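Protein chains: 4
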Amino acid sequence: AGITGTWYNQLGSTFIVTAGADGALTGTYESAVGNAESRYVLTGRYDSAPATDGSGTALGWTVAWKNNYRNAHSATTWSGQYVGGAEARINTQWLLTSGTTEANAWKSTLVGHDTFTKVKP
Amino acid sequence: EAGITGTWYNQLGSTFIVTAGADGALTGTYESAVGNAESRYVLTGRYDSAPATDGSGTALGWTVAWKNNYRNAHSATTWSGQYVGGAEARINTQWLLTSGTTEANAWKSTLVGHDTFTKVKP
Amino acid sequence: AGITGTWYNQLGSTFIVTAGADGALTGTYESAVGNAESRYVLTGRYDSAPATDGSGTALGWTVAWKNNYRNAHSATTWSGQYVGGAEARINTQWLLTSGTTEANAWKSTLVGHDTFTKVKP
Amino acid sequence: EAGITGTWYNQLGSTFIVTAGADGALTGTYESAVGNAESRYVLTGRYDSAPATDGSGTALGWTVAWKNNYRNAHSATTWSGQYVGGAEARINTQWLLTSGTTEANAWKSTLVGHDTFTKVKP
Ligand SMILES: O=C(O)CCCC[C@H]1SC[C@H]2NC(=O)N[C@H]21
Ligand SMILES: O=C(O)CCCC[C@H]1SC[C@H]2NC(=O)N[C@H]21
Ligand SMILES: O=C(O)CCCC[C@H]1SC[C@H]2NC(=O)N[C@H]21
Ligand SMILES: O=C(O)CCCC[C@H]1SC[C@H]2NC(=O)N[C@H]21
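Protein chains in written order, with the authors' numbering: chain L, 15 to 135; chain J, 14 to 135; chain L', 15 to 135; chain J', 14 to 135. A prime marks a further copy of an entry chain.
Please keep in mind that the hints were generated in silico from the structure rather than gathered at the bench. Be aware that one or more of the hints could be misleading.
Below are the EDC-like pairs computed for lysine to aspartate or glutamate, each with C-alpha atoms no more than 20 Å apart in a straight line [unchecked claim]:
{"#": "1", "chain 1": "J'", "residue 1": "132", "chain 2": "L'", "residue 2": "116"}
{"#": "2", "chain 1": "L", "residue 1": "121", "chain 2": "J", "residue 2": "116"}
{"#": "3", "chain 1": "L", "residue 1": "132", "chain 2": "L", "residue 2": "101"}
{"#": "4", "chain 1": "J'", "residue 1": "121", "chain 2": "L'", "residue 2": "116"}
{"#": "5", "chain 1": "J'", "residue 1": "121", "chain 2": "L", "residue 2": "128"}
{"#": "6", "chain 1": "L", "residue 1": "121", "chain 2": "J", "residue 2": "36"}
What follows is a list of derived Cβ distance ranges for each label pair [claimed, not checked]:
{"#": "7", "chain 1": "J'", "residue 1": "42", "chain 2": "L", "residue 2": "36", "range": "46 to 56 Å"}
{"#": "8", "chain 1": "L'", "residue 1": "24", "chain 2": "J'", "residue 2": "117", "range": "15 to 25 Å"}
{"#": "9", "chain 1": "J", "residue 1": "83", "chain 2": "L", "residue 2": "83", "range": "21 to 31 Å"}
{"#": "10", "chain 1": "L'", "residue 1": "116", "chain 2": "J", "residue 2": "32", "range": "25 to 35 Å"}
{"#": "11", "chain 1": "J'", "residue 1": "15", "chain 2": "L", "residue 2": "35", "range": "52 to 62 Å"}
{"#": "12", "chain 1": "J", "residue 1": "121", "chain 2": "L", "residue 2": "66", "range": "42 to 52 Å"}
{"#": "13", "chain 1": "L", "residue 1": "40", "chain 2": "J", "residue 2": "115", "range": "20 to 30 Å"}
{"#": "14", "chain 1": "J'", "residue 1": "26", "chain 2": "L'", "residue 2": "116", "range": "21 to 31 Å"}
{"#": "15", "chain 1": "L'", "residue 1": "32", "chain 2": "J", "residue 2": "47", "range": "12 to 22 Å"}
{"#": "16", "chain 1": "L'", "residue 1": "32", "chain 2": "J'", "residue 2": "116", "range": "20 to 30 Å"}
If we take Cβ atoms under 7 Å as the criterion, some of the chain J residues that face chain L in the derived model are [said to hold, decoys possible]:
{"#": "17", "residue": "46"}
{"#": "18", "residue": "48"}
{"#": "19", "residue": "58"}
{"#": "20", "residue": "66"}
{"#": "21", "residue": "69"}
{"#": "22", "residue": "74"}
{"#": "23", "residue": "81"}
{"#": "24", "residue": "85"}
{"#": "25", "residue": "109"}
Backbone N, C-alpha and C fix where the C-beta goes; we use that ideal spot for every residue, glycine too.
All chains, full assembly: derive it from the sequences and hints.
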C-alpha cells in the first residue's frame, strides 16, 4: 500500500520510513550487520509523481552511523526503486563510505545490494 | 558545521548548496549541469557530526530525487563520500543514479560515477 | 564440483567457463538482455589457492560486446566470489561501460549484480 | 592495437603493462602501489577491436587476481572503462575489488573506486 511502512532486507535489518507527499523520506534504520546497534536516523527523497507505464518509483536515502550508543565514522547511501504489487519490494544498490586518510581513500567505499520487503523474519 | 556548510561545485559544473545541522542533518539544493534536469532540486542527507580528529575525512551522504516544480526525470541520485577540511576543502564522492524502470528493464536502471566538489567563497 | 562448467544467472544468461590450474578463466557468455546475440568471448582470473577457512574464491572476468553478429561498443566486467557447496553459486557485482564522448562520460557506466548457479532454466 | 598497447600509470603510482591483440584480447601485468600486493600480477581482459570512429572512447575491461608466486591476498579486481586516444591518451575506469569472505561477511566483500591511467613513452 506504498513506501511508508516497516521493511526488512535480506540480512534482517529493519527500515522504518514515512514517505511525505512532496518527496521526503524520513525514518530510522537498525542494521543486523556491521559496527551498529539500535536505531539510526535516516533521510532521503523519492519521486512523488512516478510514471504511469508500469515503471518503479525511484528513490534514495542516507544513514550516518552515529547514534547515542556508537559512532562508526561512516555513512551509507541506498539508491533504488520501489515496485508495488502484492508483495511490494524496494530494490537497491548501496555505497558505504568510511572516513579515511587521503592516502587510504582508495579502500574507503564498500558497495553492495539490498532488497527489502514488508515480511517480518 | 561550518566546514561542510556552504556552496560547492563539481567537475561537471553542477553546484551544491548545503547547510550541516548540529544533529547530523544535511539540507539544501542541487543544480545539475548534466542530464534531464533544470533549475534547483531539494536535497537531504546525513553526516558524522562527531568525526575522528586523527586526520580522517568526515563521512557524509545525500539524495536528490530529480523532480521539482518544473521537470520530472523519474530518477534519483545518492552521493556517498567524505569531507576533507582545511584551506582547500573538498568533498570526494561516488554516486548511484537509479531511474524508474519496468521490471524487464531493471537490469539497466542504475548508473555509477564519481564527483569531486570544491568549496566557493561566500 | 568447481568453477569450471555451465552457469546461468537470474536473467537466464549462459556463462560457460573453464578454470585453468594457475588462475585463468576462459569461456563464452550469451546474454539474455541488451544489445547482444549469440556467444561472446570472455577472459578473467580467479584465486587458484583460496583460503581454507570457509571463505569463497575471489574472481572476475570481462566480455567486450563484439562478435560476428553485433558490436554494441561496450564491455562488462564481473567481480565476485565462488561459493562451493551442494548448490554451488557465483555471486557478482558488475560494471557495463559503453564508449561515449568525454562530455557524456558521466552516463557511460551501469552497475548491477548477477548471481549464477549451474541449474538450467 | 597500438593505442592501448604500452605502459600506463595511475594516480596511486600503480603501473599497468598491456598488449592489445587483433582478436580483442588484453594481456599483460599489473603492479599495485597499494594494498596486500607485491611485484607483478597477471592480467587479462577484452576491448572493442572495431570501435566507433565518431569521437567516442573504446570500451575495455580487465581482471587481476591478487595471487602471484610471491603473495596471495585472496582477492580480485576488475576495471571497466574506456580508452581515449590522441597525444594525451588516457584510460578512464571504475573498478570493483572483491575479497573472498565467509557467507556471514559477504556484505563487506566488495570495494569500489575509480582509476585514471596515463600512457608513458617507450
Ligand atoms: O560498520 C559500519 O561502518 C556501520 C554499519 C554499516 C551497515 C550497513 S552495511 C550495508 C547496509 N545495509 C544494512 O542492512 N546495513 C547497512
Ligand atoms: O537525467 C536524470 O535522470 C536526472 C539528472 C541526473 C543528474 C546527476 S548525474 C550524476 C550526478 N552529478 C551531477 O552533477 N548531477 C547528478
Ligand atoms: O547492451 C549492451 O551494451 C551489450 C550487452 C550487455 C549485457 C550485460 S547486462 C549485465 C551483464 N549480465 C548479463 O547477463 N549480461 C551482461
Ligand atoms: O589488497 C588486496 O586485496 C590486493 C591488492 C588490491 C589492489 C587494487 S586497489 C584498486 C586497484 N587499483 C590499483 O592500483 N590497485 C588495485
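Hint by hint, here is what the structure shows:
Simply put, residue 132/J' and residue 116/L' have alpha-carbon atoms about 17 Å apart, close enough for the 20 Å limit, and the pair holds. This hinted pair does not check out: residue 121/L and residue 116/J have alpha carbons roughly 33 Å apart, beyond 20 Å. Only pairs whose Cα atoms come within 20 Å are accepted, and residue 132/L paired with residue 101/L is accepted, the gap being roughly 8 Å. For the hint pairing residue 121/J' with residue 116/L', the CA-to-CA distance comes to about 32 Å; that exceeds 20 Å, so the pair is violated.
The straight-line distance between the Cα atoms of residue 121/J' and residue 128/L is roughly 12 Å, inside the 20 Å bound, and the hint therefore holds. Restraint check for residue 121/L and residue 36/J: not satisfied, since their Cα atoms lie roughly 28 Å apart, outside the 20 Å limit. Roughly 55 Å separates the CB atoms of residue 42/J' and residue 36/L, a value that falls within the hinted 46 to 56 Å. The hinted range of 15 to 25 Å is satisfied by residue 24/L' and residue 117/J', whose Cβ atoms lie roughly 22 Å apart.
For residue 83/J and residue 83/L, the hinted distance range of 21 to 31 Å is not satisfied, since their beta carbons lie about 43 Å from each other. Judged by the Cβ atoms, the range 25 to 35 Å given for residue 116/L' and residue 32/J holds: they are separated by roughly 33 Å. Distance hint check for residue 15/J' and residue 35/L: the Cβ-Cβ separation is about 59 Å, which falls inside the suggested range of 52 to 62 Å. Our hint of 42 to 52 Å for residue 121/J and residue 66/L is violated, since their Cβ atoms are close to 20 Å apart.
Separation of residue 40/L from residue 115/J is about 28 Å and conforms to the stated range, judged on CB atoms against 20 to 30 Å. The hint said 21 to 31 Å for the Cβ distance between residue 26/J' and residue 116/L', and at roughly 24 Å that hint holds. Under the hint 12 to 22 Å, the C-beta atoms of residue 32/L' and residue 47/J, about 42 Å apart, miss the expected range. For residue 32/L' and residue 116/J', the Cβ-Cβ distance of about 26 Å falls inside the hinted range of 20 to 30 Å, so the restraint holds.
Given the 7 Å rule on beta carbons, the hint for residue 46/J is violated: about 19 Å separates it from the nearest Cβ of chain L. For residue 48/J, the interface hint is violated, since its Cβ never comes within 7 Å of a Cβ in chain L; the closest pair sits about 13 Å apart. Evaluation of the residue 58/J hint against chain L yields a held restraint, the C-beta minimum of about 5 Å falling below 7 Å. Hint status for residue 66/J: violated, given a least beta-carbon distance of 11 Å to chain L, over 7 Å.
The restraint placing residue 69/J at the interface with chain L holds, with a minimum CB-CB distance near 4 Å, inside the 7 Å limit. Annotation: residue 74/J was flagged as interfacial toward chain L, and the flag holds, the nearest CB pair being 4 Å apart, inside 7 Å. Because the smallest distance between the Cβ of residue 81/J and any Cβ of chain L comes to about 9 Å, over 7 Å, the interface hint for this residue is violated. Nearest Cβ of chain L to the Cβ of residue 85/J: about 6 Å, under the 7 Å cut. The hint holds.
Because the beta carbon of residue 109/J sits about 4 Å from the nearest beta carbon in chain L, less than 7 Å, this interface hint is met.
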